[PDB]
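**Q** Given the coordinates of chain A, assemble chains B, C, D, E, F, G and H onto it according to the supplied hints.
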Amino acid sequence: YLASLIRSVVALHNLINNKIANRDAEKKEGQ
Amino acid sequence: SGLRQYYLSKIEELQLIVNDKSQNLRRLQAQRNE
Amino acid sequence: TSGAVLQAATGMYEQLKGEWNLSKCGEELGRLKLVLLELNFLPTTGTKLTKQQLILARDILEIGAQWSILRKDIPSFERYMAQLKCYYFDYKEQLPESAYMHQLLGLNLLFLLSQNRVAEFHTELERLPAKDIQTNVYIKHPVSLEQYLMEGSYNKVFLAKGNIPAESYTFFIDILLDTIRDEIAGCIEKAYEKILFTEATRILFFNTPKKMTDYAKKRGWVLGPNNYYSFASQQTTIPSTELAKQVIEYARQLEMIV
Amino acid sequence: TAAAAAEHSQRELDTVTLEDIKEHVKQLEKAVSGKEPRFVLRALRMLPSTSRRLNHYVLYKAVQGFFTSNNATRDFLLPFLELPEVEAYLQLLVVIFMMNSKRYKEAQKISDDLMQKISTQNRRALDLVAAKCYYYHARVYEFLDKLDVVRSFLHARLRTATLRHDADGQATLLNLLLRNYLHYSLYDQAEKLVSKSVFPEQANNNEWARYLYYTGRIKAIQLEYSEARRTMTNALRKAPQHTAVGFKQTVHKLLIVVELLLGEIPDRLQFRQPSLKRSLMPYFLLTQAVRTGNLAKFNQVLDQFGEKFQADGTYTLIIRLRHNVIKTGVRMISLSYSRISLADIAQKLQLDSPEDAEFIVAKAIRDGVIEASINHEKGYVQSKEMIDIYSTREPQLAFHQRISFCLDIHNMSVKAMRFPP
Amino acid sequence: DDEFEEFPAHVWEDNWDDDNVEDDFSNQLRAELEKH
Amino acid sequence: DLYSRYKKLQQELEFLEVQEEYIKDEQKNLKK
Amino acid sequence: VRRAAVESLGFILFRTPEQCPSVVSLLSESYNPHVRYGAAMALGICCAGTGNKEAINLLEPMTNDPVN
Amino acid sequence: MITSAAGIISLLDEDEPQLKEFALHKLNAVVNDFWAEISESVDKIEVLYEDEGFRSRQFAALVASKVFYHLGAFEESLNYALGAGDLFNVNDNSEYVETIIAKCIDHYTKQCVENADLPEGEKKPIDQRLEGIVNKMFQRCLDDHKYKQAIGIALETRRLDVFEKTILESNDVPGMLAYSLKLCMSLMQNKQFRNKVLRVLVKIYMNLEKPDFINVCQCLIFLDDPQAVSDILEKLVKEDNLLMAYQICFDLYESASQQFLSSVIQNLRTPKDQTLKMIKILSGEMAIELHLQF
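Residue numbers (the numbering used here), protein chains in the order written: chain A, 1 to 31; chain B, 32 to 65; chain C, 66 to 323; chain D, 324 to 744; chain E, 745 to 780; chain F, 781 to 812; chain G, 813 to 880; chain H, 881 to 1174.
Chain A with its partners taken away, still in its complex shape:
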């Protein structure tokens, strides 16, 4: 359970990074 919790937290952090990168890329491309 501890292992799965850590893995899920890491996955969420990766998704947050991906969202930030995608929004930055789209904003830069638009402007």
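Worth double-checking, as some hints may not be accurate.
Said to hold, decoys possible - Non-contacting residues of chain B with respect to chain H, defined by C-beta distances greater than 10 Å in every case (computed):
hint	residue
1	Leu45
2	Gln46
3	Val49
4	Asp51
5	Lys52
6	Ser53
7	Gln54
8	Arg57
9	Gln60
10	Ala61
11	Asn64
12	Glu65
Unchecked claim - Label-pair distances were calculated between CB atoms; the ranges are:
hint	chain 1	residue 1	chain 2	residue 2	range
13	D	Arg334	C	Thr109	53 to 61 Å
14	C	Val323	D	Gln705	49 to 57 Å
15	C	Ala250	B	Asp51	53 to 61 Å
16	D	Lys519	H	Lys1083	48 to 56 Å
17	H	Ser1066	G	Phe823	12 to 20 Å
18	A	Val9	D	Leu341	19 to 27 Å
Since the hints were made in silico from the structure, they are not lab data. No residue lacks a Cβ here, since even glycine has one placed at the ideal position from N, Cα and C.
**A** Just chains B, C, D, E, F, G and H, lined up with the frame of chain A:
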């Protein structure tokens, strides 16, 4: 007319299916490329 | 045409009123139902009759419910109050208030107690106006009965059975007493480990001690009347297959590519 | 001219808000043109702030300068102000400002115009704007105080929006329909509909919170206290933090009531919360009275605060309270004891007779709030022989639920991982 | 974020037992020892 | 037009499905 | 066999030339040089005499590879 | 409004076949709001349908279909919608009607597709009223001047008769023929169905007032019918038409396989100068010589 609406419904359903399918496929492509 | 049929409706409704204000009452009620069907039960959002004859339809439905309670017909009973509650709650603005309504609603509430649909009961309690719940006696008395029952003062509700707002509350006291005996049973099943015969008798109010064998002749948890009845004593292995399924599910959900 | 200076500053703010509206509109064009049938949610995220900052002259100039593509529909906006998605979003802003002005008649006329337009246009990226329009139309008819035809019409719209496999519209329609049923006290029909329907598992957090609140209300009045309490706690958790004070207050009140019914005591932190202290103070008095077990205090507080009790709606639950007041007494008596006798139970609960105490403890067994045995041969209530719960499958089950949840979060995250190219 | 405008709107960490009204423990102890 | 678009989009859907299962299998092999 | 399979895939898909690049692009950036060669030849056969744009775009980086 | 249908379900539960019909009428009236509670009472409607009926076998079917629709069990809803019969009233603007028609079409297409490949004898029987609803939809499409996409529906349903009827009785016969050929050669995969559709297409081309012999020859190439194409060429040469025959032979060489060309040449062998130079063109001497010279 009635069958026109029938096809519009079918287009919409399969179009949403295709859109989400393409999104998932591009995500998988990024993963495999990594 | 229409006016003539309305006049005939009033005519045989007054005929029934003069009749009783049993079997022939049933056929009269059937005729009234048929006539109302050539007429309309519910205007249903698009006719808007606003009929004193619709008030009369509500009335004849009430007398039909009275006949049903006299006959002790639970199906027709429920049918008649379903229709009556529709009429009452739906067209409050269009129709005038019926003073002979809270009595029937309280009777329905008592029947709900006796039949053990407490959830429904509370639904009708919510539906009812809040003030009447306290102000009225016809509505409050079922509320007090439920209050005592769900508190657990079975002796107190037995005592309160004597208080009846009207004779209409008939045979519902009896079926509710049977329900109370059922709850006391419940207590016997999953509490009161190793209960005694006389204690069971004087808790679970059966009839005469010779009939005390009741509820064991029928519900019968293999009572095994070993003098004390033992309460029939009514009341460590690894689930490896299930837990292995769970663990294999974890492995599968880890290994899947998604 | 301080008035002139303020007007010029207001017009500068108007230009900024018009630029914001342009940004939202272009986001709508991006969404429709491209994949990801979204970013309409991005545009709507500022919808509350834009609606708050709206102005009469702002809307008038917007309608005057826009809607130039085609159609003369600006004749339905200019007199009262004196594209696939852009028309819908601007028009939604217009009707929101009309509601702010409180002119319900033309508000509902214009909303019906919206509703016909959206019913005509069977698009898939317009579903979110349609849901927002449905919510605001339910609200305008609430302000008009009719809420009669909404039942039928939103029911039909829900049928259409569930025949189409939509989530946001389904959730919004279900929430509004349940709100109508509750406002009219049609608890039976609400229960039937929630039983025979399925809430979209992936729905907006706000709609999820609303649905849990309504379902908890249904269960509480339907005699499902455990389910009502857990659903209501989940709704409170899902609800926003620095807003929605009224929704949070209602959830807190009903949750406190349902906990008191279950037989527990609410956390004092709720009452201590500044945003809820004054609102919940009557329920603080009620909680104190129940904990003390003083029927006189209970009755006097009920008489004093009956007003708020119609304002919210708890009377059936508030008498079910008295029931669970005695239930809480017996639960604590069994909690802080292991072999207490029936006579001691009667003495401590002030019950009239040991037989009455016996009946009450049996009903406590009904409710499962004492989880204890009893023996009337000697007359004492033995408790379940407490077991060291670690050499058993309870820890396994708990860890299993949590592990499954963590795996599901990982799966959902790695699926939501998106690449726009 | 979205807001619910639909629904109408000490420096310590207190405890439930605190509000309970009872005699001072000094008086309670004095009584206990007097009757013991 | 309508039927032609429907058939084209159906073909696109099925093809993307096969390409997805390919990407899955090949990702498995690359992990190996 | 892997290379031959990719070429055969191109043979299968030539009838819709724009469609094949969507597939063979992912192979084109493959760690197996035989798979890369198969991707190249499959794209060539599929889009032969078509002058497709993304096919040439994919070929270019492959035209600059360390393997022969 | 009404706020509760319990009274109406109670009316339904009775045993009077004069009250029952009015109860069903009101139920159908209010189903747009009260399927919620009508659902658990549907079984009563099911048993009330499964009987002599007395107009119930016609109205209870519609009511049950409506309630199962509002639920979401389209599989069960469709059967009772069919059992309703003429009460369906296909020609009307209603969302329930639209969706039930869509599900009917989907089920019919699925059954036709799955049974076509099965033996000529072991074909699962189709529902006659289902076929009737589908035929009514066909007729509506034809009447609404929507001749296009009627061929699409027919192709999906695997029925060549309606496809032929709609392609024939319609404006722009050459345009519809070209569109159908595009669909048949491009999208649809099943080889047997493609052969049948192309057979129908060539039949229509021939029966046309001025047959499109070029499209006919291309279809013949696809079908691999050297005897038929040889007969076509023999007839064309017999009538005073030579340019069409020459172009047909040129396209035949440019498209069809060597074995097919040899077979058609043998069929031709089995004025005569016309036949001789037609055979030479089919062999392709002039084709290769022209390409070499170019």
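**Q** Tell me the numbers of any earlier hints that the structure contravenes, in ascending order.
**A** Result: hint 18 breaks, nothing else.
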